Amino acid sequence: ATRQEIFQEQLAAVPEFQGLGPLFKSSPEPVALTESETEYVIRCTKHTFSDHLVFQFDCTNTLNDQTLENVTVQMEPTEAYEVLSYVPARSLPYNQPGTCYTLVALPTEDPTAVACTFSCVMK
Amino acid sequence: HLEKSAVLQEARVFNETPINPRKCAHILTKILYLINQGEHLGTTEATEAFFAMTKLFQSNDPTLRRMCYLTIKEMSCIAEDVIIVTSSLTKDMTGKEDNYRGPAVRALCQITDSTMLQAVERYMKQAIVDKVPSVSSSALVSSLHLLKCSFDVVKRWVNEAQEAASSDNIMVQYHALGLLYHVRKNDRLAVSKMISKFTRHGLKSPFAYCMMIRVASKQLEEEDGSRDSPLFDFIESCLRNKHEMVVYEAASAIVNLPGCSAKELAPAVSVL
Amino acid sequence: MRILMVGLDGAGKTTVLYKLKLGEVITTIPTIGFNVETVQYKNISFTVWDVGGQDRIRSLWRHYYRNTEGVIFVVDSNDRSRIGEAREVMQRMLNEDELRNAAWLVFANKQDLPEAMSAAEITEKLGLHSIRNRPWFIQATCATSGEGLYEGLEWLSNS
Amino acid sequence: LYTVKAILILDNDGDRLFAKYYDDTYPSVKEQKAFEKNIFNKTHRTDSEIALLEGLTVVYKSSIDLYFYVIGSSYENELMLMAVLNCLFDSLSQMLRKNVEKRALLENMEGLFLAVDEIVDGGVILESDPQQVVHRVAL
Amino acid sequence: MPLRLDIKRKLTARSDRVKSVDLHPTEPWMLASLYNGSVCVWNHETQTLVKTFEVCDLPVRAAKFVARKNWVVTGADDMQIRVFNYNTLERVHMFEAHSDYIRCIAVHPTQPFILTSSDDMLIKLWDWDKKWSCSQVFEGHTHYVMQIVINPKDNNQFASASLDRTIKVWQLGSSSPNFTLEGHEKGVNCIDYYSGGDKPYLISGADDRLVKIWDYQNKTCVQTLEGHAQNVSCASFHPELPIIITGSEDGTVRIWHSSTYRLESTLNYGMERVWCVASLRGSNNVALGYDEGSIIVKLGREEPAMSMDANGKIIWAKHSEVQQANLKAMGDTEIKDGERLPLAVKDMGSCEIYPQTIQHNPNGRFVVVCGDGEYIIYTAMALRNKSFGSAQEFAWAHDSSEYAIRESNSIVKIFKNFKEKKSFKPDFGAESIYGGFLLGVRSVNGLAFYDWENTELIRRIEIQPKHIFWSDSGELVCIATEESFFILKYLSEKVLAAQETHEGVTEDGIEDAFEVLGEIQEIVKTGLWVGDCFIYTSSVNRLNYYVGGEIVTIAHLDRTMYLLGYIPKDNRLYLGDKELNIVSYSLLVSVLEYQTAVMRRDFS
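Protein chains in written order, with PDB author numbering: chain L, 607 to 729; chain S, 21 to 292; chain F, 18 to 176; chain E, 10 to 148; chain D, 1 to 604.
Chain L extracted, bound-state conformation:
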């Protein structure tokens, strides 16, 4: 129920959940999911709980060209997780964090079940 637990709670204000738990540890490294100052800029942080992992997505929909709307996040996995849901940041205007999430429940007693790479497509 780490620093990261605080994040479990921070995450908690949302209610579309499909399980969570309490955060166990968080990310050893936040990943910019869109590279350096992109048309849209993403830095992502990943959070682990005893039950679920949430990827909560930190960001500045970059271009003043755009505001992205109808936003949800696809993730597609290789080494297990049960995939509950992909989250839509209802709207994201320029230079601005908003939150989108993607959620999974973490299988623990299987050989090959929580380290995973997930494939992302922004819509």
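Please keep in mind that the hints were generated in silico from the structure rather than gathered at the bench. The C-beta atom is built at its ideal place from N, Cα and C for all residues, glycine as well. Do not rely on the hints blindly, as some may be mistaken.
Unchecked claim - Cβ-Cβ distance ranges computed for the label pairs, FRET-style:
1. E:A92 with D:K422: 48 to 54 Å
2. S:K238 with D:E226: 39 to 45 Å
3. F:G40 with D:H143: 19 to 25 Å
4. S:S25 with E:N117: 23 to 29 Å
With the hints as your guide, set chains S, F, E and D onto chain L.
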């Protein structure tokens, strides 16, 4: 020495049938004086003036023309109408000398409407292209205000810049860059190429060296990486010049506590 | 004499004007940034105001007053469209009242083959015979011919 | 680069009869004048290589009876600025072939105005090469 | 800026002083009049004579094709007008219009007219429908009428050049000009018009070596140009590019850019003087009579630079020489195969460098565009310069993350993210460089295969091609090599072993890498990988895809063109011209795949 109220009525007398170029010229001077020390302004007074000034235009007299420009120039942020002027304007433009032309743009630029713009752009193209720099120079400054106003569309024009980019008058060489920078300065990148652009290049109306310095540093400043190969190139050059100021310019900035390369600086310094 | 030559931009008034004035013309758009021009005719010293009438200014075309005394009103003859009704009447009447102190000589332009609808109907419509009034002439022209020009001026240079 | 915050043409007697405020930031005509009082007065009848007021550059040519001023920010190059300061100074001088006085101004008021517009036009220096200029104009 | 450009010595003939040239557009035939007195008409294309005519044997000054009319107009200086119906070369009519040396004809196209200027100090108009009436005579001369050109723009109004140095521009209601202007300080040899309708310039010629530009609407000499090397026999408006063609009384070509106005180039076919010129109105091919002969040159690209994101935006830039300022197109709507479609409007860009390549990033994304010889890569949505440098030749590392370059020497350096890749650093004779999955260096009329990390000569095949397209996943790859074409397999494992073993053949590359599957003898207008399917154009204008042992034409196209893009989802092909009307034909990729798989025994 002299007073406004009377004058304000009286100026229109030039507008009265009165022929005596001098008289009016003087009267105009005063107005400007009232103005110069400080003067209220306003519309009614203007409007009446608008009809008043306007008739007066069979004047050939060049100097006569001058006077006009000035006055008009006075009206800018508080400007009133343009269409009349169009013809007039056109007249400067087709107008033989070069001269006439520069004043007109100059009033125009705080004051005006998108719209016409298109048209007048063409004229700009021409200005942009002309060999006697001056007018072209005249053109440029206006733009700035137009930038005040906006100037973005001005941006569109980058291309012209290029055709222009070839320069051979020093001051002039200077002027182009100023704009440019503004332009790219909304942009790191190009600039990096720009640098390269100048890189092949030395500079005509120096002045150019100097803005560029601030500039040249300004990327570097944040750690636009390599001081080493680029910067240094600049520096030897900088160093070398009898544009002692330029040398200085570099010198002053490099204020480095450990002495980035403490040594050299001391020569420059000795020299200082 | 401030004599006002009126009509729109696009008329080709201007064409006429310099045709006369300079001998040579210029585009079928009357001016955007005015004409004030001086002409001596019969060595008498004249100011031509040529308006490429264009609306905003048109609205303001009254815009000046002093020293007014003569009208060339260029109207395009063959103009089947903008010529009469409210506009025509309005302009005429307004002008008339405002400067009842100047003769109104209307100029009908590009008559070519006339593509009007009756010389008679119109003149009447304009109340050309509402006359009991200031020196008037109703005058026909197609610009290229200049079908009545010199008289206008001439008859004019009458006192 | 818009150097002239303002430009002033001044008496010995600590007054200004021309100023074109290239840009104003403290309003009024008035407000300029108070400033004069301090500044000019204080300076009056004596100049500097350099002078400063508060991070702003203070520039200008004098005559025994007359004062010339340019203001810019002291945050930048003496030399050019000087060069300019002179450029004006000379140009006019040369132009005039005379030392301006109180006399000069009344002697022809127009020329000032005219002058004023050509080099600098609200703020930046468009025009120059004074001889050139001098020749360049005359009309 | 460089001549990395199309100049083709299109067709040649060495001959005499070929005074006059006149063009048959409607079928690109050309008519030429000689100082011999014989005139000839040629199809240049195969250097073949369409017809020749001995109209006179006195030098024959003037010529026209009357295409509308389907007849060809001719005049020689027997002061008679001889007519042929070009529809044989069957000679229709003759009569004496102008009784003096007849210099020029200008024609109203819209309206059934033939305008003539002649040395008699007369311009006559004659009406062909009236059956060569002298409908009207235009006079206001002071000398021989040397040239007439119709402002065809306003056919209706026209301009005249004389060497008494003056130009009269006329109105019909002026069988005289509207005015005369006092052009030359020499003589006005010639008068010419400004291709665009938008603005208006003439160029007029002199040998005084000064050029004046004029704007009619204002009515100014816009400007007057100097620099020259020898009496300009002629100078002309490039109608394709903004350049100035200068010509001399010695037959010097100098080009000034009609934008840089900098001497771009001088060329010598010292075939002596510019007697005539005539230009493709399609603005690309031009011919001039010289003394030693004549030469015709071909000067064009076939495309703009654009690359399409599969959302559906082909972003191109420019139009033809318009600023780059114009990219975009996500559209918004749907319609029938045959029928036509609407575009969006929101430019971005306004570059300077003039390109001739566009290539997308492998994900469309990063385009690298080259022009003026340097490469600007854009960050596109960004409208950012992704990057720049000067080229010579290129390969994206197909992967979408590196790129290679051929330095204007010829010796390779490659950069991945501005890091040279030297792990790979042959620098052998080349020809061109090819990237893709597998490295090609095309060299020594061979194509030689290389690794991606170290070089390896994987294989060398027989000859050199022109172009490669790789299947998508690389796998089966398509190389375009004139008429002829091949489809191949690349077999990995062999290499892995072989490599491990090391001992190999690489002169040939190693014979233990690739296999030659089959070849189609092929001519390609444009071509496509759909995966490994080669969907292709032929320049015979059938769009065919080679499928199944079969090549089928989905359809045949007007004449052949450019493959807009098939956005697969839609399964349709967007077809593209170069004139910005897009046509689409749906297929359905699956069908192909369905076929692919089943043959493969993936019936199920």
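Hints versus structure:
Judged by the Cβ atoms, the range 48 to 54 Å given for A92 of chain E and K422 of chain D holds: they are separated by roughly 52 Å. At about 41 Å, the CB distance of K238 of chain S to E226 of chain D agrees with the hint of 39 to 45 Å. Here the CB-CB span from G40 of chain F to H143 of chain D is close to 23 Å, well matched to the stated 19 to 25 Å. Checked against the hint of 23 to 29 Å, the C-beta distance between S25 of chain S and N117 of chain E comes to roughly 25 Å, which is consistent with it.
Consistency note: the structure conflicts with none of the earlier hints.
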